[PDB]
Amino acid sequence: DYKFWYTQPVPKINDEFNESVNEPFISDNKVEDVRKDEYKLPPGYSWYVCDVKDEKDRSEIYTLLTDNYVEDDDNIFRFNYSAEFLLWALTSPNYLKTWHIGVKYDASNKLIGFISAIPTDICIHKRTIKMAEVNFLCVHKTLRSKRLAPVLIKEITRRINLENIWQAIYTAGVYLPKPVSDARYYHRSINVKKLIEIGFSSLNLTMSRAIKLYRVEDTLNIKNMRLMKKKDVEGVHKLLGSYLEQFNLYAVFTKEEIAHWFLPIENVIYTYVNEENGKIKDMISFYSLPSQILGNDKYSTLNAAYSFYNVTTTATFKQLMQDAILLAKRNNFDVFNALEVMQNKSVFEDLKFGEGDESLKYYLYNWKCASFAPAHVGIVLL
């Protein structure tokens, strides 16, 4: 039915546009006309201003998401973003505190809903648009299917429009009207035995053969790959910024955004560079996103690395991503996850990735344009 979404400026399920269409559904919007009142909540609920730089507010967000956020289709793993990860994800350059929106139940003073956005410049089919990047929509499990999600979406839309921003980018595992692209997840086992025992992976292929199949030589193809430092920011900016221009959808990073999104933070973000004759010629990056293991008496956490942005000019992309796997292994990750975006799909078979069973759909709000294969996607959202 899509009874909420069809009231919104998004494509209808049957909409199809060719390359000559690349523009808003609704243009000529006016800040002075935006609703100035918060949207009404059901009785006993209230909007809450989450200060993610406040330890208590940030821990309430963490707890809400730890207990209630995204689970896999088989309900065995739930994402477990850390408090430090949330800080990094939500306080990117020029972030707005008004875009970190909580809902509390007054009687218990408990956070039961959350939605967030950060500002980012998005190039879609070579047009660069100031957008809001919406993430972490969460409604407490006990309150599902009470139509709270539309109210959260409408309220953050209002707050984004008050900054004279009228487009948004978001991803979801569920199908909504209507993806601009759709990218399957793929998974490269690192700690084989653990993945088998938690039912992430399967045997048939004995235990010892599986361990041998996925073994990793502890030698880099690019021997001087090293952790990124502050002096590397301009070089990473130039290397990644030039690389991303080939894609139909990417973020246009400023130097300040490069510093924020790529300077290493232990157990949050890992970036490695290859410096040659002064110049950053290759880079590898992946972020940490563990999953809670629901109902396993031996293991409580899956330590997963997620491919972020990877560029090579002195090796093949397979060689580069082989080093990415090694580096994730060296930092104690159990599995290395990646989407079939950018050049990634070309190395999945040779590097012994397995196809997952879920995909990530890319969405734009108030924008109509042609869809495209995920190899043309040049952005990875958290």
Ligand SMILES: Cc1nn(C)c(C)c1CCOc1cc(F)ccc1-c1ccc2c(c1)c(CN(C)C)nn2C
Second form
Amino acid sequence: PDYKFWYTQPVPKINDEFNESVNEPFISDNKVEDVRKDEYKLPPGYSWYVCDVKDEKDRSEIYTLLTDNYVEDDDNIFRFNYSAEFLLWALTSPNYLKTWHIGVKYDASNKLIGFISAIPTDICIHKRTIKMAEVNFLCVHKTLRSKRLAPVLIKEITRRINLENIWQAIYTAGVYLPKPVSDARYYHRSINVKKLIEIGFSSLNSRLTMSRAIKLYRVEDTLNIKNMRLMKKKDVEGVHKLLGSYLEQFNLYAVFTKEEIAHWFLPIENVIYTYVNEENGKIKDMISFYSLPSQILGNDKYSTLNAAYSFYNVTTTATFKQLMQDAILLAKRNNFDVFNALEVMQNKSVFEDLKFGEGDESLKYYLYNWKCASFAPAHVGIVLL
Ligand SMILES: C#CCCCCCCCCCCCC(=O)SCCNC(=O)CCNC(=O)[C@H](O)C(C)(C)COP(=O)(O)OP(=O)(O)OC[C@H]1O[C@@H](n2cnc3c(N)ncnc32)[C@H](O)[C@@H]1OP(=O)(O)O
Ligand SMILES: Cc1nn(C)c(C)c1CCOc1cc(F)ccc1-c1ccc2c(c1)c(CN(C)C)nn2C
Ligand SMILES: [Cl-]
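I have the form deposited without the ligand already, so could you send the form deposited with the ligand bound?
The next block holds the full complex; its first chain is the one shown before.
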């Protein structure tokens, strides 16, 4: 590929590799006063719109755009169906800016046809903590693809982020762009076997009949960690200590404040599930996963694949395998069809024994305006929604 847009940006070229001693911006000594104050030009008939995600109607417009036009798998069987409540949660983390929730409308219909978002977070990359924007939910309507709208959205959110004296960003994508700092395959653990077979997600054969498949993935409805329970507000301090200490081992992670722990982990039904094990009033283990359904395209019987996505999991009183087995059980108890996880943190070590299967694509991790050594995904300690 030519990367005609991306090679104008402060990112590595596709062949760039850096030693471990390199960990710095491509462009330093940036000045807020020099940042463009004018919005990037859109094609005629289109206008910028500042979305208010706390307004139900604006939020529902983003929801509809994404439901109809957001990420599909490689085979166009599934399309992500983030719920409106999920989008509210994902976009209103501590210190969020409404002006970083950027829509594009088609003037004649007043309809949203494009979106991009960012939230602020402190990111530790190779032991150096940098204030960054986390970019997500970039979407252009299917009818307007390949018209170079996405670089306009990217340049406009870059401009707005730079106005806040922030010069780095983290983002993930499935497409290969210049240039990943890490690449993580995803793995799936079947829960509702029959449904997964009926929609083509899973397969049978003459050895693995339907009944044998169901038996293979059967789970015992008893926790390894008996007192694992839904997180409560009182647990924020202990989760902050447990997770914050755990994450320091990785090459890439968010440095969460207590306010961020409360936001990202306190349970919201059909959005975010966090469970904790409290011993002596101290939090010693945690499980978390978020709800991300995929619409099943064209299916007559099922509209939705109800998937739970591994988020952050820490154990000090059990094995990581026992902890993730409990995560699968808790996902089953909450009526999820499948448990999805990336090969980040310690996850890959449990995939074989817990009967995960390898998926057909991977998620790449990227930094904007940062040069450093890349790393295997076991060194990644951050999950983007
Ligand atoms: C400091 C501060 C810095 C802040 C900025 C940091 C950088 C942020 C980059 C964006 C990160 C996005 C993270 C995500 O949210 S993940 C989910 C992506 N959401 C989807 O997968 C939904 C379905 N899909 C779509 O809605 C569209 O395909 C897209 C993704 C909007 C792309 O639009 P389309 O009409 O195809 O393409 P056009 O407008 O002609 O633009 C082509 C140029 O664009 C590049 N590109 C494509 N996909 C990208 C993508 N996902 N992220 C970034 N760049 C992407 C591509 O390479 C090319 O540029 P070149 O010529 O190669 O240099
Ligand atoms: C099921 C299913 N449904 N769909 C629609 C897909 C792609 C699958 C496969 C299953 O993907 C995953 C499974 C995991 F454990 C973890 C991550 C993904 C994943 C893959 C590609 C991704 C995204 C998320 C996102 C969303 N954040 C991260 C920006 N963007 N991209 C391009
Ligand atoms: Cl139990």
